[PDB]
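What follows is the residue order along each chain.
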Amino acid sequence: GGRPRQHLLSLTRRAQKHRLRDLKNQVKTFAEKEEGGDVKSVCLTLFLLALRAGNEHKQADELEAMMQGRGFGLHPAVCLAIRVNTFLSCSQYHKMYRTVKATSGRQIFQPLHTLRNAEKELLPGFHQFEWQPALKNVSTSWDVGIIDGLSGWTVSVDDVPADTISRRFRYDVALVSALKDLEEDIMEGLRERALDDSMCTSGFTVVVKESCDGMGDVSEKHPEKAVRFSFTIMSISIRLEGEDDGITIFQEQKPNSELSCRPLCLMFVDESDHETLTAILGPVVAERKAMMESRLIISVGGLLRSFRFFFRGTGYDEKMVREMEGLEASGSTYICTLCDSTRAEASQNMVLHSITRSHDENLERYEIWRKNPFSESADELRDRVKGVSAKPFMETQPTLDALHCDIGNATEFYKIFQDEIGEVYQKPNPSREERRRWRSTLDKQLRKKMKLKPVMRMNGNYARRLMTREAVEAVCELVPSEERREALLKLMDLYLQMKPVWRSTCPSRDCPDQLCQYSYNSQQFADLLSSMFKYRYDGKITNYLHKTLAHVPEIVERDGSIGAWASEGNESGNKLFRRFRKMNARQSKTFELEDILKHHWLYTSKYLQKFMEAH
Amino acid sequence: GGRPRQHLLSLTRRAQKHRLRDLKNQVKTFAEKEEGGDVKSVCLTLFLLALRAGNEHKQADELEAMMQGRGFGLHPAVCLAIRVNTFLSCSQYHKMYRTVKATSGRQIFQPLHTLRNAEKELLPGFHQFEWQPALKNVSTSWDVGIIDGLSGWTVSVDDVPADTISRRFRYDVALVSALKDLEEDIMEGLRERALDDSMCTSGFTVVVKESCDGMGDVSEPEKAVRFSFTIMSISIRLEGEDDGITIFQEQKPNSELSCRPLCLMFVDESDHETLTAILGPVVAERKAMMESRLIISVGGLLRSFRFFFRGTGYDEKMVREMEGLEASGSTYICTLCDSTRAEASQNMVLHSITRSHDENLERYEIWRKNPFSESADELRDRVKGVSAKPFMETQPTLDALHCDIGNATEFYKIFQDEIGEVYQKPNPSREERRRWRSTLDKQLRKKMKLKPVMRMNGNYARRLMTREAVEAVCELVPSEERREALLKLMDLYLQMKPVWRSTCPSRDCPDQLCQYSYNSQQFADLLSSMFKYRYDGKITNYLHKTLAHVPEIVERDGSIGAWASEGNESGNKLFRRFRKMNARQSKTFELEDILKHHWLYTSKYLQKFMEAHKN
Amino acid sequence: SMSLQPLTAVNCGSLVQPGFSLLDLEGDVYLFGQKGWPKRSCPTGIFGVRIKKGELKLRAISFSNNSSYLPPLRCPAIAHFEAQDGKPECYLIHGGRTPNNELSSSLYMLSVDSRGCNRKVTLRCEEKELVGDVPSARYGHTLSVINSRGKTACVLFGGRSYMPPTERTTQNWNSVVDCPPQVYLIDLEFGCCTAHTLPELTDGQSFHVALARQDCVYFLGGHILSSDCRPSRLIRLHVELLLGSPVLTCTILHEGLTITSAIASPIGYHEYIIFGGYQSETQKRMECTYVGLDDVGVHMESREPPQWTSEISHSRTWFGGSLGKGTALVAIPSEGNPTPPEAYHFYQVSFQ
Amino acid sequence: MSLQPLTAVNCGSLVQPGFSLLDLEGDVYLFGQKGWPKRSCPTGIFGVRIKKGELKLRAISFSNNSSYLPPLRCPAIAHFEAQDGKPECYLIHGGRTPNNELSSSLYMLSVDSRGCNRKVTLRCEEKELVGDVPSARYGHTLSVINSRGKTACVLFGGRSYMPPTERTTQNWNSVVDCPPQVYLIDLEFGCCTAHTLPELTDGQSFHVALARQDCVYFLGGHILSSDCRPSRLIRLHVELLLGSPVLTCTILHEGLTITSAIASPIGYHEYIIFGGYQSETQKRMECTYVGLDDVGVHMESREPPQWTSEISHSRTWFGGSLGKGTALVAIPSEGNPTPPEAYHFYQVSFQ
DNA sequence: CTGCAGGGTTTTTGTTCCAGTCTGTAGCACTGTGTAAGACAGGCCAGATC
DNA sequence: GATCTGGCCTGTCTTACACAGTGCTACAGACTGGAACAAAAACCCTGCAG
Ligand SMILES: [Ca+2]
Ligand SMILES: [Ca+2]
Ligand SMILES: [Ca+2]
Ligand SMILES: [Ca+2]
Ligand SMILES: [Zn+2]
Ligand SMILES: [Zn+2]
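Protein chains in written order, with my numbering: chain A, 1 to 615; chain B, 1 to 615; chain C, 1 to 352; chain D, 1 to 351.
One should not assume that every hint holds.
As the list claims (entries may be wrong) - The calculated DSS-like cross-link candidates involving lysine-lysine, where the alpha carbons are at most 30 Å apart (straight line), are:
no., chain 1, residue 1, chain 2, residue 2
1, B, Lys24, A, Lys17
2, B, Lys369, C, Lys128
3, B, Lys449, B, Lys573
4, A, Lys589, D, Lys34
5, B, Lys587, A, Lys575
6, A, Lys575, B, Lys573
7, B, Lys369, C, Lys39
As the list claims (entries may be wrong) - Quick partial rundown of chain A residues pointing at chain D, CB under 8 Å, derived from the structure:
no., residue
8, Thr154
9, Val157
10, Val160
11, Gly282
Simulated from the structure, these hints should not be mistaken for lab results. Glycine included, each C-beta is placed from N, C-alpha and C at the ideal position.
Please construct the entire structure, taking both the sequences and the accompanying hints into account.
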């Protein structure tokens, strides 16, 4: 008969060897002839490919990790990244940490104190530097961390209150933090571009983008208004040593997305009151002005290397732009921000313009206003000085906005439709309710054709589903005359033709065909407006019209993009700020923003997002 | 020629299968010829031998623990424990997870959907059971889960509308879930008592404690009520002369981590209608449940269960509102005797327990029918304060927390009256009352450092009854006699506070219990001697409670600090924190989320994964 | 015509509950039924009503010694017992649903006994037992008195109820089903009770209004839950009290009306005008309804509806009762956060 | 000696903690509007009128012969007496601007024409300064003197930002009293010259002055460096010993300690005063009446009008002078929420 | 010898289809929150007026 | 020489609206096989190139 067959994994390893000696020696001689006797790797690959037969990837991946080295512990860096990236507050961390730690026998996470120790390498204040020449009226330190913003108001009762609350850094140390962070990426640009290392020590140029926006009435059950002033690295090119008009090394690839907008200052103040805003932002301005002259020295990759700067101040909505620039607010006679036209001198001539507006000449105009060396009259002085009223203080390249960039254009097309329902050049005096009747019939028409329920005000999505040759033809169904229909078709066709040019990121790379052909297209546009629709723009024009027909090509030639400076991006980070406050309150206002900024600036570094693989 | 063949550990799995095809089919034929056609165990044993022949024993032992023993990281159960025990959201959890796996392979945590499948093991509706005998007027179902709380209210606007948002469990299923939770501890208890397991499957005994009191201002309607219960103790009766063997006794019942939620409703505790209209089904459950024997397969053996209930943890206001007695501080105060208000002043201490729930019913029938044709208040006397119909049998006890806070506010206003020389001036002024408020306010602001609120919490009381703080307060009232008098009062109070705070006074302080009668008696004689000016005939409720009834209560019950209501009002903080960071959020769903989370938050099969692997 | 005036209650906003009733005893008007069990301020629940200078005031009522006290029912039935031999003047109440949502199923004969002194009223009750063969517990029905040459009795019909006690289920413990179409001929002395079936009573229903005269009764519109519909038919029974079997017959009318949870106003002996309740499950009626009746027949024609305010024509629901003799009280559930806490504005309507 | 509340009807959000006021030819003019002027009003000078207890406002304008003025915050005010050659005027210098830079440029403000319909015209001749010019500084004071017999002007007080050699951008909003050297201002030529005396041991701020017949008397103030609130009431005597602007000074004993004063004269040289604060936590509450003659100043305390409690427990306050024993004060109005009108007004008067 | 064009060689890697199987993510229903576009009132200035 | 109203201008509520956060779910795309195949990497190896 014989001994009954037992399952091989229940017998001792001696009986397993007895019953598997045949296959053991077979695989031995097979490995000798095929792979040079590498028995362990061959039996590993066979065990794996047998595991995947039953679609059981999991345990095979686990054991694969048990092989080719080990990853028992977690890099403290990634661990701090995982506390921040998820808004986990301190004690929350400590709790989950104790849990997992004494769960299974190994220190998978790192604990608090070592986390914070390793973290202190990432805030401002950790990489010494010189400055050539030494800075103009600037502190000498390089470890000075989070300075309170108040900037030493003697708490004296007599004067303007010192109750305002503020926390920030020193601009320079912030810049050096961001750069010393980005060492990995700059060395990647070096390895890609195939450029020397001993001959890349001087000719750098970093473009740094400023931005400031108000932020209203932080909602908390239990200290409402807020202002956040931040910057963002944009590009770094080479300049050594021949012609090299420009060789970019690291161009940011998600310009606006709040993942890259490093906060620098925060103040429980209101967007409105010029006073306290300047009273804090002064130091920042002083540094900025003082910095652009000198050049910067920093060790990166062992070689101390040089850095210059140019600044593109863009990130503001028009109110802030008038404020810093000194022009009225807002629906003024000096409607533009680059030309000087009123409404009218933009109405007769629309696009045949030239940008001249500049900072130091605004200073000049202001001095002229104050002294009035020609002793002319009030409105005389206003017009002869081009609407400057107040001594501005901060250089801002007053660029067009990308975020709206349409909403005036939207509501303008909306009104135009409502009027082409009507007959304006036959009845140039419509009444109160007839325009409403026409609007309602237009809206019901659209609702029946393009599924766009009526609105009160123009969001983006509304406009984007509006500006369609399809919606054009659908609304044309309503206008009677077979003639003006095709006219506005030509109109909206040109407008569609030109939209992406300004909402682009790099038309010099994206779609240069319209860019090169743009100016003539804008000309045809203005022609159609003045010829077929003069009834409405005799002397008054919408704000954004001046921009969108004025300087878009000239601005792009000045810079080379539009969206790559829109503060629309910063408007995201408000979601961050508010939640951070809701989930990492201290909470006394003195340390409230202290920790807010600490955690925020932590959130916004490359170093950690690189550990956000999800790959 | 031929391309050089690289090491086997670098090739792709398609190229690896093509390189190994020969030995792959050879291992297939060897497994099929000699091992019953199972290649998986064959290659497992082969990799085992190729490792163990290399004396790299750690890696092979870890592999052998991974197979047939659940390695695969840490656990699904511990994972859910972490995910709840620190409030991490679902997006939060997944973001942590895909990171912690992305870098540092060998995934530790588990994805979400595996926790979706895991949760089905701890909610209600999973472990089968039945009643012996079957249950009257309760459904035959057992696999149901979270039930819409209305009990299926007819929506017809003619009747009272279904204006309420409420979800709950099926009380019996909640019970069986909590019991099958306590299986680990009951098995260890059968161990420790040196008791058999296959035998003694007949005399199990469970006691259940249940409480309910909501909170105000849940907003930014607005109120809520929370009815929850907690397994208290569990003992065994077999089989005769043996009075019983306490198997498990809850070691920290007063704290949060044992308060299983069972119903929640957006109702006020005031409008007595919607309250019963919801809580009805629980009433039917309780009533029909007192008799039948429960049967669960715990520890492999389906064993009998009985039930005694002890309804305790309602704060006094509701205890009236559920005993239909006059609301609330009228001449009838003692919830346990027939005593008047004044008959508690003439005699304060010598009273017998008379209140019998079923006699409250049978006397409410005497109220209604009036067999002796008595007038209104004569009948109020003849029934001894019974007005409404009793609705829920509450065991005749009191809470610890609200009783001691009432003592705290009583001694608070005793200070606010002794700071006035009121024993000479019998009628103080309201504005002088407010100024005595302010002077005692700065008094306790100078020493012991506590703040003013218009309504009081627990720490205020526990640090408010101490002797050196009394001497910090005695330093104002001028007399030398009254100071020593009420300091003797504070001392005698410390002779008795942990007597009702006792968990088992026959252990913690039998000297303070056996002398309790004499302490209360000296208390009463002092009130009659030196403070009779205030307690001529007007007494406060909690004072009578703590003075005349404590001894018989503990003598019959076993403790008072046991059945206390600490957990409820304290964990409504956790309710709030839940609705904050875990809601859906939408009315009909806020609960069906909150309840799942709450009942999850409180299972031993999790809490052990915080303490048991902490020490 | 008919007219409305916006009122305001001075010191009462928490006694009136979604359901209540109204009663006239000897020209004197009494509210009934409060939210929450009796407070110490009034151990009765009955309240004197008053409407002056746009203000709504209230007062407490009292009882005798042989007067058993009454639990605060919410939606009972009502029928004025005509003041006659021997004991005027009763006002029967039964049996509604209780605060603890049970059903009392108890007949309470309520009347006035003495006065004053100073506008003061003293009442009594006799919770009468039912010998039978009694009607079961239920609610939402209505009943009225009849006289058959010349015996006098009182009869009920209708109502909903909880599920039968066997099939009752803890997850359905609050749903309700309509009563079986069996009418109960209620003697008062003695308190005998007898149930009667009607073969043409195609189904039970609820929430109907009805009135009797000279031993013949007409039942108006309510609701049937079988189809979730509201029949606009009308029914009529011709019944008398023959010794000793009070033989009874009933039959259908061609067309009645579609009203639910109405407001019954008297003007005269049997001339009534109704203020309407609800048309359908979400659309309430708005118009009046005059109904003449006699031994020739019921003769019916609409009336002119007043001009409602913005709120009542835009609120979700309303309810109220009649102060008697063409005078009435209504209520609107208010909307406010903060609560005023006046959740109920008050209007008064009348005739001419 | 009484108070009465006012009502900020509208235009309330345009008055800020610090500002100035000028009485001239009836109409009183507010100065120092928060933020740069709007197109609502180009100049910034507002005309204020008050009827039945209302606080209403109207805008002003200039001729072409005029310069346009920055809305300075805490300048120094000085009344030019009406006589030859060009009466009459008010002098301002130099305060801080809505941008925290500083003027160092006095202006000579006057009225020009009216009405026709009750309307006013002004001009603003900035007077260029040769010297030895004063450096920009604020909170300081100026005064006018007419010394046998030509008229000139005297400056004193002031803090600033540290000189731009230790101008430190962490402290870039510090302050420290300028070295106390008086300056002498002739109208034309603007022969500005510095002087001092050893008695001028240290210089103060927020100290209201008062002059008459070229013998000036300095009132209570404060010094940061020593953190004291000294009592050093001073007298100083000047005269034009051409070609020498000879000066003499002397300390006097009695000097009250009251900061941020509110000066409303009534008599020829009689000044009833409020005073902002007693100590840098505890405000002053009581009034003050000040005589002075060729013998000298003589003190007295009149009756304090009954401040409502709401002002009594304020954290701060300030005010200005409406003229003739009557004046205007303001409260930072704490409301939950803000109205956003942060300033109720109570009116004050004499007898 | 070099030089490249490209012939051989084995070895990556995709390559096609049908039945499963896991999982990562987008879509859905949902009311709290900031908002800025617009209705507006109400005040002011010039025009017609007293 | 002083008063009254339409046009209009500018600060002010207010209210539609996006949009963000959270569980839940559904679906789609990566994962299993046998043959039979271009197309390329880089060793080699010839063969026409001086
Ligand atoms: Ca903004
Ligand atoms: Ca914004
Ligand atoms: Ca309570
Ligand atoms: Ca409470
Ligand atoms: Zn321009
Ligand atoms: Zn008692």
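Next item on the list: Check each numbered hint from earlier against the structure, then list the numbers of those it violates in ascending order.
Entry: none
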